[PDB]
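Note that this complex is displayed minus one protein chain, with the remaining chains in position.
Labels for the chains are A, B, C, D, E, F, G, H, I, J, K, L, M, N, O, P, Q, R and S, by order of writing; each one numbers its residues from 1.
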Amino acid sequence: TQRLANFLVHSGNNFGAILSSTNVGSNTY
Amino acid sequence: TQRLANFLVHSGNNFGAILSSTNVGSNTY
Amino acid sequence: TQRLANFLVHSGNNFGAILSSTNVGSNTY
Amino acid sequence: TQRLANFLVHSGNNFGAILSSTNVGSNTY
Amino acid sequence: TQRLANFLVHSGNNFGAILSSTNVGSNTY
Amino acid sequence: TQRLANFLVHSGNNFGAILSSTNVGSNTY
Amino acid sequence: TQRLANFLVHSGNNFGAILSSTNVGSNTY
Amino acid sequence: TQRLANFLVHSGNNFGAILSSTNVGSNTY
Amino acid sequence: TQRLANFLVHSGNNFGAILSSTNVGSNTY
Amino acid sequence: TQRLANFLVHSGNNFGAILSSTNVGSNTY
Amino acid sequence: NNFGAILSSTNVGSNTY
Amino acid sequence: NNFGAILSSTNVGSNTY
Amino acid sequence: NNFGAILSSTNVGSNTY
Amino acid sequence: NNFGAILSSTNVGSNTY
Amino acid sequence: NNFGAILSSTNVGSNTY
Amino acid sequence: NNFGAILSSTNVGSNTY
Amino acid sequence: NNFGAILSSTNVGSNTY
Amino acid sequence: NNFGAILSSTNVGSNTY
Amino acid sequence: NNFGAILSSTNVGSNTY
Partner (left out) sequence: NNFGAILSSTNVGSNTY
């Protein structure tokens, strides 16, 4: 059982998520 | 059992999600 | 059992999702 | 048992999903 | 048992889905 | 323009969905 | 324009969703 | 424009969602 | 433009979500 | 523009979320 | 007289998991 | 007279996990 | 007379985990 | 006379974990 | 006469963990 | 000699939104 | 000799929003 | 000789928002 | 000789917001 992962990212301008996990509620009652 | 994954991304301008997991509720009651 | 996956993406301007998993509720009660 | 997959994408302007999995509720009660 | 798959896509302007899986509810009660 | 809807449900044991909207990806690349 | 909706549910044991909206990714790359 | 909604739920034992919106990633790279 | 919503819930034992919005990542890289 | 919402909940034992918004990462790199 | 809807549910028994 | 909706739920029993 | 909604829930029993 | 909503919930018993 | 909402909850019993 | 796959994409132009 | 896959993408131009 | 995968991406130009 | 993967990305230009 062997798992290998490789990631290479190049970003000029970032306004969002890269390799990220985001949670937002924004709920209304 | 062997799993290999490779990722290469080039982004000029990012406004969304790249290799990301996002959750948004935006619910209304 | 062997699994190999390769990904190469080039993006100018991103407003959505690339290699991403997104969840949105936007429900109304 | 061997599985091989290769992906190459070139995107100018993205407003939707590329290699992505999206879920949206948008339900109404 | 061997499975090989290759994908090459070139996109100018995207407003929908490319190599993507999308789910939308949009249900009404 | 008038819309009227009425729902009545009686459930002993639930393992699935009742009056629900579910989305599952379970995709593989 | 008028919309009226009524819901009545009785549940003994719940393991799933009742009047709910659920999203699950469970994707693999 | 008028919208009216009424909900009544009786639950013995809950292990899932009632009138809820849930998001789960559970993704793998 | 008028919106009216009414909710009444009775719960013996709760292990999940009632009238709630939950987000969980549980992602792996 | 008028919005009215009413909530009434009775809980014996609570182990989860009632009228709540919860976020959990639980991610792994 | 009914000009709307009448829904009746009656269950006699027990639920065991 | 009913011009709306009437919903009735009656359960006689016990729930055991 | 009802021009709205009437919802009635009656449970007779006990819940044991 | 009801032009709104009427919600009633009645539970007779105990909850044991 | 109701032009709003009426909510009633009645529980007879005890909760034991 | 090819026993696999060869995919070639060539685009000459510009994309304007 | 190729027993796998070769994918080539070449774009000459500019992207303007 | 290739028994795996070779992916090449070449972009000549500029991105302006 | 490749029994794995080879990924190459080349971009010539500038990004302006």
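We adopt the following convention: a contact is a pair of C-beta atoms (placed from the backbone, for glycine too) under 8 Å apart; a residue touches a chain by one contact, two chains touch by 3 or more.
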Residues on chain B facing the left-out chain by the touch rule are 4, 6, 8, 10
Residues on chain S facing the left-out chain by the touch rule are 1-17
Where chain A meets the left-out chain, the residues are 4, 6, 8, 10, 12-13
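The definition used in the following text is that only the chains that are shown with their structure count from here on.
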Whole-angstrom distance, CA centroid of chain C to CA centroid of chain O, is 46
Per the C-alpha centroid definition, the whole-Å distance linking chain G and chain N comes out as 21
Flagged in chain G as touching 2+ other chains are 1-29
